[PDB]
Structure formats: C-alpha cells, structure tokens
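Let chain A serve as the given structure and place chains B and C with the ligands on it in line with the hints.
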Amino acid sequence: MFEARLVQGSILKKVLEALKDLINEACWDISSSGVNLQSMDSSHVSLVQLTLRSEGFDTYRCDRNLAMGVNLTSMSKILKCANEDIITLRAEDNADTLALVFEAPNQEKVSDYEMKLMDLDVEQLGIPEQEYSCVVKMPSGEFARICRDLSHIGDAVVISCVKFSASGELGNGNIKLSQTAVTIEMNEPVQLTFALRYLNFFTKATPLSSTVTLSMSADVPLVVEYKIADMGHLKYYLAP
Amino acid sequence: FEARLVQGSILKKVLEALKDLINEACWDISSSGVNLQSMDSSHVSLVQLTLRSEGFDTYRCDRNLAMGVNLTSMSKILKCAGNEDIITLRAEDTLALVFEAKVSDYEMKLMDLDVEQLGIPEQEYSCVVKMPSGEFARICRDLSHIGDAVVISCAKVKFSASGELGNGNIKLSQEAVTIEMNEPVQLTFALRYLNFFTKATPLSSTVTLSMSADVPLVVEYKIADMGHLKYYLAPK
Amino acid sequence: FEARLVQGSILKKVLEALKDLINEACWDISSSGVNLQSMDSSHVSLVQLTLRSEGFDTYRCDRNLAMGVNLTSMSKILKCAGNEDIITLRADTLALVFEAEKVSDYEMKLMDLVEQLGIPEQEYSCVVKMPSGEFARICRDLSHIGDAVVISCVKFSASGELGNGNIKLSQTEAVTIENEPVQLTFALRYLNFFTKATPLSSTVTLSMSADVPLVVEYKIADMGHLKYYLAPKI
Ligand SMILES: COc1cccc(Oc2ccccc2NC(=O)[C@H](CCC(=O)O)NC(=O)c2cccc3ccccc23)c1
Ligand SMILES: COc1cccc(Oc2ccccc2NC(=O)[C@H](CCC(=O)O)NC(=O)c2cccc3ccccc23)c1
Ligand SMILES: COc1cccc(Oc2ccccc2NC(=O)[C@H](CCC(=O)O)NC(=O)c2cccc3ccccc23)c1
Ligand SMILES: COc1cccc(Oc2ccccc2NC(=O)[C@H](CCC(=O)O)NC(=O)c2cccc3ccccc23)c1
Ligand SMILES: COc1cccc(Oc2ccccc2NC(=O)[C@H](CCC(=O)O)NC(=O)c2cccc3ccccc23)c1
Ligand SMILES: COc1cccc(Oc2ccccc2NC(=O)[C@H](CCC(=O)O)NC(=O)c2cccc3ccccc23)c1
Ligand SMILES: [Cl-]
Ligand SMILES: [Cl-]
Ligand SMILES: [Cl-]
Ligand SMILES: [Cl-]
Ligand SMILES: [Cl-]
Ligand SMILES: [Cl-]
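In order, the protein sequences belong to chains A, B and C.
With full-length UniProt numbering as the guide, the letters of the first sequence map in order to residues 1 to 82, 84 to 162, 167 to 185, 194 to 253.
With full-length UniProt numbering as the guide, the letters of the second sequence map in order to residues 2 to 93, 97 to 105, 110 to 164, 167 to 184, 193 to 254.
With full-length UniProt numbering as the guide, the letters of the third sequence map in order to residues 2 to 92, 97 to 105, 109 to 121, 123 to 162, 167 to 185, 193 to 198, 200 to 255.
Hints were generated in silico from the structure; no laboratory data involved.
Treat each hint with caution, since some may be false.
What the hints assert, rightly or not - Covered stretches of chain A, going by a simulated chain B footprint (3 or more residues, C-beta under 8 Å): (1) 104 to 110; (2) 113 to 125.
Stated by the list, open to error - A few chain B residues that don't get close to chain C, going by computed Cβ distances all over 10 Å: (3) 38; (4) 51; (5) 128; (6) 243.
The C-beta atom is built at its ideal place from N, Cα and C for all residues, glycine as well.
Chain A with its partners taken away, still in its complex shape:
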C-alpha cells in the first residue's frame, strides 16, 4: 500500500498540469525514498524527470516499492476537480487502481476518485551530475514570455551567452537580458539552437517556481529546471 497526504494538493495540480502536454504516461518509481519519474515524449526528443521527496508529504507510507503505470492524461483531468483541497494519494497493494482523495479545508466536502493504472514499467536509467558550460537563472515569467513571444516569429530559438534570437518569414528578432533577478555564469561560451515548440511545453511548469534555471553545454542536452519547494525539482531535457 502507498499513502501520501499533501496539505497543499495545489502542488500535485500544477505538477500534473506541467507535464500533461509533453508526455501522456510514465513509470512512477514510487519508492520509500520518494516519487521519481522518468519519461520521454512520443517523438523521443525530450526527457522529463520529476523528483518528489517523501519529506514534503505530511504523511508518507510505502510498504513495498512499486513502479506505477500512470496515464497522466486521466490523472491531470482528475486533479482538475479540486486549489486548496488536501489531496491524499492512496494505492492499494496489487490493485489496478490509484486512489486520489480530495479533502477540503472545512471537512464539509470530501471527494474520492479512482484511476485505472496501466502496465508501463521501463527501468529508468540515471543521468550524471554533469558540468555545463553556461547556465542562467532568470524569472520563470520572462523565460515564458521570451519563449512565447519569439514563437510567433520562428519555430526555434537561438540561445547564446545572454541573447535569445529567433528568425522567421515575418522577420527576425533578438531578445537580450543582461545581468541584474538574472544571473549568468559562462565558463565556456556556447551557442545552441532549440526548437521552440518543446520549450513552450516546459513553460507549463512555470507556476511551480518563480525562477527557472537553464543549463547548456555542447556535449549534453539543455536542462530547464523548475524547483518544487521542499518536495524536490522538475528537470526538462531538450536536444538541439
């Protein structure tokens, strides 16, 4: 049996909302350590890692590790029927059902939901703690705007250490944010260009953290990192 109670179920609503557009399903490494998820879109050009430490959950119980096949299309639709509700996630031992219980502040309205888990168990490999050439911390909003505004112009953005440049039939546009909350560290300067479509899939996680961190290097994929307070982090990986 797996039982996690989250007083601010809003965390779960925003997280499911974040990855909903990128992947539809994933193996959840429901472990006593925490909830780790590793998954990839249908075009196999991006990877999403979600870390949810058991410390953040007010009550966490996981007798027996478990890899859940979650249809995140159904889960996010379920979690929408809840922003202050206390969400508890209960997974009975060897049931095809993941239970999601929504308890209001006032114990007046309680709603219980069941989802049909699937068979998706892929043994997640592990990335290394890598050293990136130039990394940038900026407001999540500005990164959303830069990705959104430059998307009406071109299908891809050109990032350089910082300048965001995208070109198209309408014209060309260069957006540069100098240091100030913005902080650039460029050990070795790198110029990599990324498809804007998938970046705007990552920008759906902007309600999780106020600051987004972009790790770029020529020998590794881009790493957009949104941090979940206490619980952990949400790492997006994209290839040039």
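Okay, now just chains B and C with the ligands, sitting in the frame of chain A:
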C-alpha cells in the same frame, strides 16, 4: 400591460437561466404574477417561473394575457442592458422592453404559443437537500468530466458517478447544508440536464434538491422578494 | 529615420486599430509626422492616421520615406510590447526596439506600395461628442439587432428579425450635439471596425453630414488623431 422592475438584473439572470433548456415558452401574464411554465424539446424536464407582482415596483397587467416568447431572441434583447439598468415591459401584440440607467427601447415580436398550463401538486419528498449553489455547481461540473450521470443517495447526501477514466463519489455532511430524509432514496439523474439548471445560480445561493422516488426531482432556485425557479428532472 | 516614442502603448493601440480594417497600408513617413492613408478591401471607408513628430522624444526624418508595411504583421511584431516598453523605429526593412534590463529588438520586412488623396476640411451639419466607450456598446448592443444603424440628429436605430431597437441620448465624459437635422443609415459591421480604436482616447466625435461620408474621429493623446471616413448605405 406594464411592469417596471428596478433590479433589472433579475430579468437578465432569469432569461440566461432558461435560454439553453427551453427556446420558447408561454407567459401567463396575470394580475397576480408573471407565471411561466414550459418544457424542453426532448420532454425530459419542466421549468416553472413565478414572478410575483409584489416584486415589480409598478405592475399594471389588467386583462389577462398569455404571451408566447422566443427566449433566445428575448435573451439577446435582455442581455443588451447592464445589470444596473431599470427595465420596464409593456404590451397591449408585441412585447416592449425599455432600459433606463441614456435610455434605450427595444421591441420583441411575440409569437403564437398558448399551451394551457397544467396544475402541479405539492408532493411529499423522501429526501430534500439545501446546499450552497456553488457547491452544487462544482459538484455537478466536476462529476460530469468523469461521467454523464450522478447518483444522488441520501444518508442522515452523496453524489457519485462512473465513467471511462474512472469512478467518483463526493460526500457532503450536514452557506449551510440540511438533509431532511423521511425515507432514504437513491436516484440517477442526467448531468447534462442538471448543468442547464445550474445556469440559474446567479439568481440566489440557496438551491434545494427536493428528491423522491415516484416523482421527478425538483431543483428549486428562489428569486429574492419575487418568486422562484423550479427545475423538474426525470430519473433514468 | 529614427523616431523614439516613450509612451509605447500608443503605437500598440494604434496598430490594433487599423489591423482589422486595413490589412496593408502605406506609411508616408514624413518630417512633420508619420501619416497613413488607406482604404479597406471593399472601398467603402478610409482611415487617415496622423502622428506628429512633436510627441516622439527624438525624431529624425532626413527624407520622404514611404514605408509599405503590413499592418497585420506589425500588430504581431508589436507583440512582446510591454505597455511601458519604449519603442523606436529605424530606416526595405523596419526595425522596432523595445526597452524596459530586457532590451528586445525586432526587424520587419516591408511591402512595396499607390499614393495619397488630399482630403479637405468639409462642413458637417450635425457633430456629436460622446464618451468613447459608450459609443462601442451602442454599436455592439445594437449590432445584435440589425446590420445597420440609423443615426439621427442623437438617436441610433437598428431593425432586424428579432425586432426594432432604438437608443437615444441628450445634451449634457459628457455629450455635445450641434446646425441642420440629418438621418443617415450606416453600415454597422464597419462601424465596430472603428470602435477598436477606443483604447487611444476617451472622446469620439461622430462628425456627420449629408453630402460627405461620416468621420468618426479619435484623438490620440497629444500625438495626433485617428480619423475614420465611412460612407452611408443606400
Ligand atoms: C535502455 O536504454 C534506453 C534508451 C532510451 C530510453 C529508455 O527508456 C527510458 C529510460 C529512462 C527513462 C525513460 C525511458 N523511456 C520511457 O519512459 C518511454 C516509455 C513511455 C513513457 O514513459 O513515456 N520510452 C520511450 O519513449 C522509447 C521507447 C522505445 C524506444 C525509444 C528510443 C529512444 C527514446 C525513447 C524510446 C532506455
Ligand atoms: C533515457 O534517458 C536519457 C538520458 C540521457 C539522454 C537521453 O536522451 C535524450 C535526452 C534529451 C532529449 C533527447 C534525448 N534522446 C535523443 O536525442 C535520441 C532520440 C533517438 C531518435 O532520434 O530517434 N536518442 C536516444 O534517445 C537514444 C538512442 C539510443 C541509445 C540511447 C542510450 C541512452 C540514452 C538515449 C539513447 C535520454
Ligand atoms: C542527460 O543527457 C545526457 C547526459 C550526458 C551525456 C549524454 O550523451 C552521451 C551519453 C553517453 C555517451 C556520450 C554522450 N555524449 C556524446 O557522445 C556527445 C558528446 C560530444 C562528442 O561527440 O564528443 N554529445 C551528444 O551526443 C549530445 C549532445 C547534446 C544533446 C544530446 C542529446 C541526446 C543525446 C546526445 C546528445 C546525454
Ligand atoms: C395534455 O397534457 C400535457 C402533458 C404534457 C405536456 C403538456 O404540455 C405542456 C403543459 C404545460 C406546460 C407546457 C407544455 N408544453 C410544452 O412545453 C411544449 C410546447 C410549448 C413550449 O415549448 O413551451 N410541448 C411539449 O413539450 C410536448 C408536446 C407534445 C407532447 C408532449 C408530451 C410530454 C411532454 C411534453 C410534450 C400537456
Ligand atoms: C407538463 O408538466 C408536467 C407535469 C408533471 C410531469 C411531467 O412530466 C415530466 C416532468 C419532468 C421531466 C420529464 C417529464 N416527462 C416525462 O417523464 C415523460 C416524457 C419522457 C419521454 O417521452 O421520453 N412523459 C410525459 O411528460 C407525459 C407523457 C404523456 C402524458 C403526460 C401527462 C401529464 C404529464 C406528463 C405526461 C410534466
Ligand atoms: C411534477 O411531475 C409529477 C409530479 C407528481 C406526479 C407525477 O406523475 C403522476 C401524475 C399523475 C398520476 C400519477 C403520477 N405518478 C406516477 O405515475 C408514478 C407514481 C406511481 C403511479 O402512480 O403509478 N411516478 C412516475 O411515473 C414518475 C416517477 C419519477 C419521475 C417522473 C417524471 C415524470 C412523470 C412521472 C414520473 C409527475
Ligand atoms: Cl507519450
Ligand atoms: Cl533538488
Ligand atoms: Cl425548445
Ligand atoms: Cl415562493
Ligand atoms: Cl487591404
Ligand atoms: Cl488634430
């Protein structure tokens, strides 16, 4: 006939309540009240509108009148005015509506719809609920994403549904919530039709689900100082 | 040519005014002030924009520039325009630069394009001054009734399948009426076109006469005006 209602919002929110359920209806323009009673196209629901002349600030209506009205057409006319405008209605056979504040006047071509209203009897109900309107809305809405049928059960009330992605049950315990349960009943109602009734939520916050086997459910909304909007639904 | 406008929102609300009515127009960039004159694809109405160089902080126009821009493309490239962003234009391609420290810069391709008529000041029998937003709802609320208002001297009238609808106003922001009574039926669909320029000012003047097209005029704060010439239906 002439009726002046300062709180023109009441007239706006009413028409917006029924535009989706019924498209046309007869209006029993009576010296007592503006009673309307019509049924949907598919014959699975009935609305009854009571507008006491007491709520109308100036109410004339001498000779008794049965107006057939195209609510869709009237809804657009009534949604032209803002929630602050003062609304007056006049007739002799073309419904006239005037909106004060700049003053604007429109005229709606009435139609020929005179089906004789029938008498509904005050029935006893096994279970009767009084919840805050907002809860009833969300409860209906969220459950509709799951499936298209709510199973309202009653214990000294639970809304439940089962669908393709899963199954759900929402339980509410005793604004405020009251559950007079003479006999415990459980029924299944179509959520699409219920979500037409929730369009009358701006009228007031007290929604009352008078519910009982052997009779159709009656979702009642209460227009303040005037009358009430009763929504009847047939179990499946 | 370089023209820096600090109240960048103006050019935002400007381009959004013409974006719908005119898809392509010629900006005759001039030393006194940028002027635009173009007509819709149905040739029933003309818009004339006047933005004087006095409003722009720095303004240098060392030529008779005739930029054929694509207003649809410019309303787009006028996105990422924070309302308080400061926007400057330069001089075949049009550059736009936005400054807040984010400092985005854009470049636009320009079409090659027709001349400009010399519209004269002309005598209007009935001129009406009303609150700008009130005009929009008058057109919008009446629009659900019919496809044409009948403006009289001031009452607006529409007639449709649902029924007739009349809205009236009296002298009193406020309302100001003027010489000879006129009643002209005007196309509604093109009247709501002009109402998209309401964010630029709080007063609209329905300068209206019988022997000439109606002139809905909006006064851009300080910098100039935005005139709309709509012909009556018959
Ligand atoms: C052994 O070396 C590998 C190499 C690549 C992926 C892999 O698997 C994973 C490991 C860790 C984390 C996530 C995944 N992969 C996944 O989770 C998803 C399963 C469904 C989902 O959860 O979205 N696999 C695919 O998309 C996929 C299917 C088939 C071929 C592919 C080739 C390249 C990229 C992806 C695929 C294992
Ligand atoms: C799983 O966790 C990881 C961990 C580290 C990297 C990673 O890769 C990616 C990361 C971000 C974006 C895109 C990709 N992935 C890619 O760019 C392409 C897609 C293949 C294709 O173009 O069809 N390669 C593979 O996925 C692949 C093929 C064969 C063998 C492999 C062995 C290990 C890892 C990947 C492969 C996936
Ligand atoms: C967290 O994902 C990671 C993390 C770390 C490594 C990594 O990829 C590898 C894995 C094993 C062995 C070698 C490589 N890496 C390489 O072979 C070269 C290094 C340069 C060289 O050829 O010397 N980089 C790439 O292929 C590559 C570049 C950019 C984006 C990419 C996205 C997906 C796959 C590859 C790339 C993927
Ligand atoms: C004789 O006993 C009855 C029994 C049932 C309904 C009835 O009619 C009404 C009574 C009061 C108020 C309004 C209506 N009638 C209506 O609402 C509309 C027309 C007027 C309107 O749309 O407002 N008729 C129908 O729905 C309808 C048409 C044909 C057969 C039906 C069978 C069952 C249910 C409805 C119909 C009279
Ligand atoms: C009008 O005022 C009323 C008054 C009382 C009941 C009523 O009925 C309903 C109320 C709410 C929801 C749905 C229905 N209606 C129904 O349940 C079904 C229609 C379902 C179907 O045909 O699939 N029957 C009839 O309405 C009907 C058929 C024949 C003769 C009748 C004589 C009197 C009353 C009704 C009928 C309508
Ligand atoms: C305001 O709507 C009403 C109100 C009150 C009665 C009523 O219906 C009747 C009218 C005259 C005589 C008998 C009945 N009642 C009945 O026939 C039986 C009771 C037992 C019996 O008499 O055989 N109830 C039902 O059919 C029925 C159940 C559920 C929902 C329904 C919705 C529409 C129509 C019927 C039902 C309709
Ligand atoms: Cl997928
Ligand atoms: Cl972390
Ligand atoms: Cl109908
Ligand atoms: Cl009552
Ligand atoms: Cl054109
Ligand atoms: Cl002027």
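Cross-check of the supplied hints:
Check result for the region 104 to 110 of chain A against chain B: holds, 3 residues qualifying (beta carbon to beta carbon below 8 Å, three or more required). For the region 113 to 125 of chain A, the stated coverage by chain B is satisfied: 5 residues place a CB nearer than 8 Å to a CB of that chain, which reaches the threshold of 3. Distance check for residue 38 of chain B against chain C: the nearest CB is about 23 Å away, which clears 10 Å, and the non-interface claim stands. At roughly 26 Å from the closest C-beta of chain C, the C-beta of residue 51 of chain B stays outside 10 Å, upholding its exclusion from the interface.
Chain C leaves residue 128 of chain B outside its interface by the beta-carbon criterion, the shortest separation being 32 Å against a cut-off of 10 Å. Listed as outside the interface, residue 243 of chain B is consistent with that label: its C-beta sits roughly 28 Å from the nearest C-beta of chain C, beyond the 10 Å cut-off.
In summary, this structure violates none of the numbered hints.
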